[PDB]
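Using the sequences plus the hints, can you model the full thing?
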Amino acid sequence: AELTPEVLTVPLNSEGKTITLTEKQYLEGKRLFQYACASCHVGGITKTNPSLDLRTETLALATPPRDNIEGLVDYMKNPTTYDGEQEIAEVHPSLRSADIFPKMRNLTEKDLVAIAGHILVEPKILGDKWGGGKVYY
Amino acid sequence: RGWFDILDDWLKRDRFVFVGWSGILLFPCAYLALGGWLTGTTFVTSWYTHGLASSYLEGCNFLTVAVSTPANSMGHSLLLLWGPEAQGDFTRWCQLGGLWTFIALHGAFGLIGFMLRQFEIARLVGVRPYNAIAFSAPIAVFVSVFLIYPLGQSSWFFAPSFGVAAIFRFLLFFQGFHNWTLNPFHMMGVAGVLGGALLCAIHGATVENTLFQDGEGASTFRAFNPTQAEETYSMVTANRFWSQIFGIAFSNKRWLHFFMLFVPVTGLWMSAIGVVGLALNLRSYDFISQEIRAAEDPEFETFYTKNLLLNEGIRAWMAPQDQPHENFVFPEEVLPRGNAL
Amino acid sequence: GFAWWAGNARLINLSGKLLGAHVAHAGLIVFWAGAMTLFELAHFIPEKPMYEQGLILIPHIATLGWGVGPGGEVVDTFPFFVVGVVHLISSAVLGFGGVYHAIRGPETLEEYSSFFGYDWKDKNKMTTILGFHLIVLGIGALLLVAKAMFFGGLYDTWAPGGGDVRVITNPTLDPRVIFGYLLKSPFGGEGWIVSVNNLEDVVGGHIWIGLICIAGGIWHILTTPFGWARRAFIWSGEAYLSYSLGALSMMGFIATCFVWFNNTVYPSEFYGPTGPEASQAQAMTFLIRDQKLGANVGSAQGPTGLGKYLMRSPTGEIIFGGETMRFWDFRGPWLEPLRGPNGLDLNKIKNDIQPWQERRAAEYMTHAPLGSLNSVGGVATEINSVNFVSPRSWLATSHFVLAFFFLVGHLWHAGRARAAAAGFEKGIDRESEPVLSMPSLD
Amino acid sequence: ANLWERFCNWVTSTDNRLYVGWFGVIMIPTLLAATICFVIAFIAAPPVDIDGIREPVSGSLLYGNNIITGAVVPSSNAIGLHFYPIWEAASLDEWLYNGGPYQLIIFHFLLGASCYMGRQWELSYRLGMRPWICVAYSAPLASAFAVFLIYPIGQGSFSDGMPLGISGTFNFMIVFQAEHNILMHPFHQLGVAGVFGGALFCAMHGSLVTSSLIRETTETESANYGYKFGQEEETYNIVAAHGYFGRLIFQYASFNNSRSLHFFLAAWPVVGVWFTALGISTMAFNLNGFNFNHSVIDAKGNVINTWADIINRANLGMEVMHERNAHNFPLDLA
Amino acid sequence: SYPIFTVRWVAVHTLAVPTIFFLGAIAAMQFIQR
Amino acid sequence: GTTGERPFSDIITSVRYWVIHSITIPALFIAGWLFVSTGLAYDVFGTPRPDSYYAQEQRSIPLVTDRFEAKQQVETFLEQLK
Amino acid sequence: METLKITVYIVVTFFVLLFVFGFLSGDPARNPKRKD
Ligand code: CLA
Ligand code: CLA
Ligand code: CLA
Ligand code: CLA
Ligand code: CLA
Ligand SMILES: CC1=C(/C=C/C(C)=C/C=C/C(C)=C/C=C/C=C(C)/C=C/C=C(C)/C=C/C2=C(C)CCCC2(C)C)C(C)(C)CCC1
Ligand SMILES: CC1=C(/C=C/C(C)=C/C=C/C(C)=C/C=C/C=C(C)/C=C/C=C(C)/C=C/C2=C(C)CCCC2(C)C)C(C)(C)CCC1
Ligand SMILES: CCCCCCCCCCCCCCCCCC(=O)O
Ligand code: OEX
Ligand SMILES: [Cl-]
Ligand SMILES: [Cl-]
Ligand SMILES: [Fe+2]
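Residue numbers (the authors' numbering), protein chains in the order written: chain V, 1 to 137; chain D, 12 to 352; chain C, 32 to 473; chain A, 11 to 344; chain F, 12 to 45; chain E, 3 to 84; chain I, 1 to 36.
Worth flagging that the hints you see were computed from the coordinates, not collected in a lab. Just to be clear, a hint being listed does not mean it is correct.
Stated by the list, open to error - These stretches of chain C come out as covered by chain I in the derived footprint (C-beta under 8 Å, 3 or more residues):
id, segment
1, 233-241
2, 256-270
Unchecked claim - Label pairs and their in silico Cβ distance ranges:
id, chain 1, residue 1, chain 2, residue 2, range
3, D, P39, C, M281, 50 to 60 Å
4, F, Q44, C, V113, 38 to 48 Å
5, E, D45, C, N39, 54 to 64 Å
6, D, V201, V, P50, 39 to 49 Å
7, V, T81, D, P331, 16 to 26 Å
8, F, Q44, A, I259, 42 to 52 Å
9, D, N72, I, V20, 25 to 35 Å
10, C, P334, E, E81, 52 to 62 Å
11, I, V8, A, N26, 24 to 34 Å
12, C, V113, D, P331, 54 to 64 Å
13, D, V201, A, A100, 54 to 64 Å
Positions of the beta carbon are idealized from the N, C-alpha and C atoms, including for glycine.
Written as structure tokens, this is what we have:
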């Protein structure tokens with residue numbers, strides 16, 4: 001098996017437009033996910049709040065839907081709680097809060113797309129392991 | 012003065028590496044066991060027998076490579092290259108696990124070879140055959156663990172796999188399934204191995220710190236000559252030291268050195284016996300009286316009950332991936348887990 | 032009579048060549064200090080906490096007030112470069128004197144100069160060298176005072192508003208405080224000297240130590256050992272080596288516990304959270320999460336009957352629940368605002384927890400000093416992903432190992448010095464074996 | 011005739027059936043205290059709340075244990091690293107509930123064992139021996155320090171030190187594997203090589219010497235009677251033994267210097283056991299065994315399990331089950 | 012006058028020849044990418 | 003003392019020795035190297051290549067479940083990648 | 001409990017003084033060869 005374009009194809013937005021990443025974008029996303037996110041989100045879980053994970057199906061049910069590149073890029077700019085009711089930039093890394101989360105300072109717009117793409121690809125590669133936690137190690 | 016005696020003449024010539032009649036068995040078999048291991052750990056997968064990568068070629072390191080056991084579905088097949096499983100195909104032989112039987116069986120005849128060599132050289136040089144006798148413990152361990160144990164089980168699949176991490180998995184399997192730490196035959200083995208290392212260290216340290224001044228150098232190694240008659244350290248002073256320090260000491264150099272043979276050899280033999288029991292699942296798993304009390308009395312708790320909870324965790328969390336032929340599917344809700352973890 | 036593998040023992044009575052070994056080796060220490068700093072600098076990325084980057088030297092420099100501002104943010108990397116370059120440059124000078132005295136200089140010194148030459152058995156001369164070095168050491172501890180009080184201050188993690196560099200204007204001199212630490216128990220809630228938690232006490236302690244070392248130094252230049260000391264000790268080079276190995280061992284073990292428990296002179300901003308800190312931060316984190324969802328964390332009973340979030344310590348203080356009950360002696364700047372007189376204050380917990388505290392707890396919980404030898408971060412069952420081992424784990428383990436071996440070296444060289452001084456280090460004389468002139472035990 | 015000097019003469023006398031010495035003046039009372047308290051507690055101590063969760067564990071014989079399951083149980087996690095002498099308890103009842111005896115025994119024992127090592131130095135000096143037997147003993151001594159004191163200091167609680175019992179020991183070593191992956195740690199691997207090798211070389215050396223004993227006896231008597239205590243002549247023939255072992259392997263892999271040989275015997279296990287004590291001592295600060303969990307993945311990114319991932323499944327089952335009531339939050343951080 | 016080809020010669024080369032070859036195969040492996 | 007073979011320290015400080023072995027040692031190293039770089043090692047031993055542990059939309063192990071049909075089973079799995 | 005505490009302080013002090021004073025009472029000289 002291999003990293004075919006089919007797997008690198010993920011939704012761009014809620015309107016079911018798609019976008020096909022490069023193997024390059026995906027490895028860059030993975031690298032950037034380990035840099036800025038995995039201390040909390042290793043394997044697609046959330047160490048500081050295990051009830052919310054990065055499984056596509058969970059993101060799909062977030063308000064603003066987050067199972068797409070746009071939702072996730074926006075999330076990395078202006079994160080909200082899962083129902084969209086409050087902004088959590090002050091306790092969650094984001095470009096909006098890069099004064100207090102300095103790893104976010106040097107992230108470009110293209111980097112955000114790669115991170116979002118990584119998050120959306122990985123459960124296609126890993127299945128239940130992505131966000132499933134230690135049961136699946 | 013016929014051919015047999017001439018060949019004897021030649022096999023027993025004094026050379027850098029002695030050959031002997033035993034060499035005919037030993038050297039082929041040792042070299043093949045060892046080449047099979049190096050070959051398999053460098054190039055051969057365990058994908059079809061175990062669902063595991065296991066060679067340098069696949070991305071493993073020295074701790075995780077292994078020559079892994081055949082699939083459970085092979086039973087105790089000898090898995091000869093020309094046998095009905097591989098049907099002479101070398102590649103499929105490798106993929107079905109044929110290198111495991113190859114190494115195990117050539118390894119066993121090499122071990123015989125090696126002990127015959129200790130007998131052969133002992134006889135030519137004119138000494139008593141105790142080194143050979145002692146090596147019976149390594150042989151007992153090897154056959155009981157790599158041969159007798161999987162023969163009582165369902166297949167070679169549950170033998171140890173030849174690899175560093177693979178042997179670690181075998182340690183943990185035996186804890187979780189057999190409660191082998193509770194087995195008094197393992198406990199006597201532990202005492203013999205740890206008793207051996209103690210005796211090794213304490214005997215070396217004693218000789219080196221009761222040396223006779225036999226030279227003038229600060230390096231005391233020069234002041235020994237292998238053909239001197241005289242003892243090179245004081246048994247009298249050594250005996251006094253230990254008598255005053257520990258209560259009792261050795262006083263007989265012969266008993267001392269026999270006991271150093273006796274202690275680790277006996278311990279290894281004892282552990283071999285308990286593994287023979289585990290071949291049959293004849294475990295020292297439980298204490299009945301403890302279980303009766305705990306079943307009736309939920310405030311009763313010992314380190315013994317605490318360890319079985321750990322065993323039960325080991326079994327359920329490792330069995331699906333460690334025994335893939337069984338198709339265990341444990342939904343999340345059935346996994347034993349304490350709070351939070 | 033020594034073999035090649037004991038070949039430096041050939042130097043015991045070659046004071047010139049032995050001076051060269053000591054000074055060449057002094058140059059390697061300084062070389063490493065310099066080279067390593069520049070290596071860390073060339074790798075340093077200021078957007079990343081120091082402790083996500085494998086730094087052990089830059090944290091020592093920043094702790095001293097150089098390079099950093101409020102919150103431990105790095106503002107200026109030039110001070111680090113300077114410290115590296117100067118150490119690097121200085122090691123060539125020690126290198127130079129080292130190999131000159133080891134290869135070319137006079138191999139013995141006592142014919143060339145009665146001041147620099149010494150005999151190990153010369154007790155007056157030995158205490159004089161000891162005295163000089165005691166003064167040097169006292170000067171050095173006063174340089175730390177000078178920095179704190181007259182040349183910019185020190186980093187103070189406890190400073191209000193996230194920590195900052197602070198000039199120390201009232202160093203503690205009260206000896207009931209300073210020597211009070213020496214007499215605290217090393218057990219939990221006490222911590223002997225590892226519990227020093229404020230820079231006033233740190234600086235004042237160094238005024239005392241500097242004055243004591245200078246006074247001690249002058250004392251040893253002017254005196255020779257009293258007869259009771261003359262009869263207590265072995266007076267030989269190897270014996271003095273053995274004394275100092277023991278002292279290095281003691282100090283290595285203390286340094287181990289310092290970097291593991293102390294978050295004042297090893298701020299968690301640079302070194303990462305301590306083990307107790309990280310574990311306290313986990314309970315804090317989930318107290319916050321759960322209270323935000325509506326949980327009444329004070330009244331929530333856990334599985335055992337003890338509080339799920341909050342319980343009492345054995346002396347009554349309100350503390351975090353779960354296994355971290357064991358770490359309730361922990362104190363840190365992010366946590367102290369919640370402490371009232373009876374321990375954690377339930378009304379501050381409900382009303383006054385700040386976003387920066389929530390951030391800090393989350394950060395410290397996810398950077399606990401747990402990791403594998405190949406630097407996979409987190410518990411031992413964690414998958415690969417995070418490349419992190421805490422600097423505190425690195426600094427604790429390394430110095431435990433070194434302290435252990437220096438204790439072995441102490442016993443090695445001490446027992447040998449005793450034996451060599453009595454004349455039986457090379458073995459038992461066959462013609463005068465002491466046990467053969469003793470009566471049998473039974 | 012001076013009283014102090016007479017007492018000094020008796021303390022350090024080489025005529026006492028057991029050497030006392032200055033190290034013995036501390037070792038004798040501390041070891042007697044630790045022994046007397048250990049025996050009493052093993053037989054009769056009531057259950058101890060080791061993990062601080064008011065879930066007491068029964069360690070003693072009279073409360074339903076046998077020799078294998080019995081233990082003096084470590085002190086309560088509620089105590090942590092706090093000093094808990096008898097006089098800090100409101101009563102013996104309290105002190106027993108909370109695990110006080112464990113502290114008394116291990117502190118007294120570690121002190122007495124430390125002095126045991128010094129006593130080994132001291133008598134060597136009074137007898138005019140070389141001094142380094144005690145250095146050999148520092149290997150087992152460092153190992154007991156590691157599991158009774160160092161590992162507790164790093165994890166923050168004497169409740170995670172090694173129980174003083176047979177099944178308690180196994181509990182400690184299973185939980186250590188789940189929390190540190192000790193088997194994948196190279197210092198434990200050197201310890202196994204130190205202990206395996208020590209047993210190997212013990213047997214080797216014993217068998218080579220036994221093999222080359224010089225006929226001094228008949229077949230009706232134990233050969234051990236061919237050696238008389240304090241005879242000057244060696245009792246075996248090292249050249250015949252070197253000539254056998256050099257041929258079993260090859261010549262230059264065999265010792266004919268008996269001094270080098272016995273030094274090798276001393277140094278191999280001692281050094282291996284130094285390392286494994288250092289392993290426990292450094293896993294005390296959570297620098298754990300190699301982690302190759304999911305280190306092999308395929309061209310797509312599928313995880314390709316290895317024997318290390320199988321180890322990890324076993325480690326997980328230990329992790330999730332141990333101290334099953336004691337964790338409220340998702341990471342076992344200590 | 013020493014011989015060149017001996018039983019020793021064979022023991023040595025019986026191990027050294029495959030070792031170097033195996034070291035070459037294993038060094039190539041460090042450059043395999045997934 | 004000796005059994006009449008030429009001492010090793012004489013052999014490896016000798017010029018003829020290194021004349022032969024500066025060729026034989028690198029050649030062997032390069033041979034083993036080519037064994038892997040050509041892919042031949044994979045095909046000889048049957049070791050999966052990184053792209054052939056699974057098929058694209060498969061996550062089952064291709065585990066041998068039969069003793070006497072086992073060779074046929076492996077071949078079946080291998081076809082399911084082609 | 002205080003009677004106990006004080007008793008133990010005294011016992012321990014007594015033994016530690018024996019130890020310190022014993023090793024200060026010319027211990028290098030208590031060997032069988034060169035006494036000084
Ligand atoms: C002393 C050396 C020695 C020993 C003891 C063994 C032992 C073994 N080998 Mg190993 N092997 C060796 C050398 C040795 N091998 C060498 C040198 C090589 C390299 C060529 C190999 C390569 C090798 C492979 C590739 C395999 C083995 C296998 C085996 C096993 C099965 C052997 C078998 O069934 O033989 C059957 C044959 C005999 C027992 C010989 C009996 C002959 C008798 C004395 C005479 C009978 C009459 C004769 C046939 C008349 C001729 C008739 C003709 C004119 C028509 C066994 C453990 C197999 C294995 O490990 O399975 C896992 C396997 O696949 N070996
Ligand atoms: C301030 C520290 C110090 C000093 C100055 C000395 C000085 C001395 N020692 Mg002591 N020693 C020390 C600490 C010290 N030691 C410690 C901590 C120990 C315990 C480990 C010892 C144990 C010890 C023993 C056992 C002996 C001495 C001896 C000696 C003398 C000869 C030493 C020699 O030639 O080494 C020469 C150097 C070597 C042989 C090299 C050793 C290499 C080490 C073991 C490995 C280091 C590898 C490193 C960890 C990483 C490598 C990475 C890789 C790329 C290479 C000399 C007076 C001898 C003696 O009694 O003299 C009278 C002797 O027999 N030493
Ligand atoms: C920190 C490490 C250290 C240091 C500083 C020393 C220093 C010394 N050793 Mg020891 N030694 C060491 C490690 C060390 N040793 C170890 C690890 C071993 C075991 C292998 C030994 C074994 C050993 C033996 C066996 C002996 C010594 C001896 C000596 C002394 C004389 C050596 C001599 O004549 O050199 C001669 C060597 C040369 C002329 C070759 C060149 C050496 C130079 C110094 C290299 C430096 C290069 C450097 C890059 C230049 C920078 C210069 C620039 C700053 C201007 C010297 C003081 C000897 C002694 O005690 O004499 C009585 C002696 O016999 N040593
Ligand atoms: C503690 C280390 C040490 C010690 C004890 C000695 C001792 C000695 N050296 Mg050596 N030397 C050393 C280090 C040391 N040196 C270093 C580091 C170098 C290279 C710079 C040299 C280079 C050297 C040479 C080239 C020669 C000596 C010679 C001598 C002898 C006489 C020197 C004299 O007359 O004083 C001279 C006194 C002064 C110049 C007074 C000024 C005070 C100093 C230089 C400034 C203070 C430095 C400060 C305290 C620390 C550094 C600062 C830094 C932390 C930033 C004497 C035995 C001579 C010899 O052996 O000939 C037979 C000789 O020719 N030395
Ligand atoms: C590197 C430091 C150093 C060294 C090696 C020495 C070495 C020496 N000193 Mg000097 N000393 C120093 C620093 C040092 N001194 C300083 C800074 C001062 C000024 C305060 C002095 C003041 C001083 C005086 C006033 C005297 C000495 C004397 C001596 C000699 C006997 C020492 C002795 O037996 O102590 C061993 C210690 C004892 C026998 C009893 C005290 C034991 C301590 C308190 C127990 C604590 C153990 C505990 C576990 C450690 C934890 C900390 C503790 C506070 C709780 C010896 C040559 C004596 C001498 O002959 O001078 C000419 C003497 O009378 N020293
Ligand atoms: C199986 C088989 C066979 C056989 C084969 C062989 C016999 C092989 C061999 C092979 C070989 C024979 C191999 C080898 C290899 C080797 C190697 C691979 C090595 C390596 C090593 C190393 C790596 C080391 C290193 C080191 C270190 C690490 C440290 C210490 C030091 C040193 C340097 C040593 C046959 C044909 C019969 C057929 C069937 C199958
Ligand atoms: C800086 C600082 C500080 C302070 C400190 C100090 C002030 C210290 C001191 C300390 C000291 C003050 C030390 C001590 C020491 C001591 C010791 C360590 C001793 C030892 C002893 C010995 C070793 C002895 C021995 C002997 C005997 C017993 C008998 C006879 C013989 C002899 C002599 C051998 C503080 C914390 C505040 C804070 C931070 C900083
Ligand atoms: C006692 C010594 C026994 C020596 C055993 C060596 C065996 C030599 C290996 C020969 C393997 C050839 C098998 C491949 C061809 C099989 C084809 C078929 O099954 O019809
Ligand atoms: O205590 Mn004994 O054991 Ca070391 O972690 Mn946390 O804590 Mn408890 O759990 Mn896992
Ligand atoms: Cl448990
Ligand atoms: Cl918890
Ligand atoms: Fe011996």
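Status of each hint after checking the structure:
1. 233-241: violated (count 0)
2. 256-270: holds (count 5)
3. D:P39 with C:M281: 50 to 60 Å: 59 Å, holds
4. F:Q44 with C:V113: 38 to 48 Å: Because 42 Å falls inside the window, the suggested range holds.
5. E:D45 with C:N39: 54 to 64 Å: 57 Å, holds
6. D:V201 with V:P50: 39 to 49 Å: 41 Å, holds
7. V:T81 with D:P331: 16 to 26 Å: Cβ of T81 (chain V) to Cβ of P331 (chain D): about 36 Å, so the range 16 to 26 Å is violated.
8. F:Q44 with A:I259: 42 to 52 Å: Distance hint for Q44 (chain F), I259 (chain A) holds at roughly 43 Å.
9. D:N72 with I:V20: 25 to 35 Å: 54 Å, violated
10. C:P334 with E:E81: 52 to 62 Å: For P334 (chain C) and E81 (chain E) the Cβ distance comes to about 54 Å; the hint holds.
11. I:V8 with A:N26: 24 to 34 Å: Taking Cβ atoms as reference, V8 (chain I) and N26 (chain A) lie about 27 Å apart, which means the hint holds.
12. C:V113 with D:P331: 54 to 64 Å: 59 Å, holds
13. D:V201 with A:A100: 54 to 64 Å: 41 Å, violated
The structure does not agree with the numbered hints 1, 7, 9, 13 stated previously, though it agrees with the rest.
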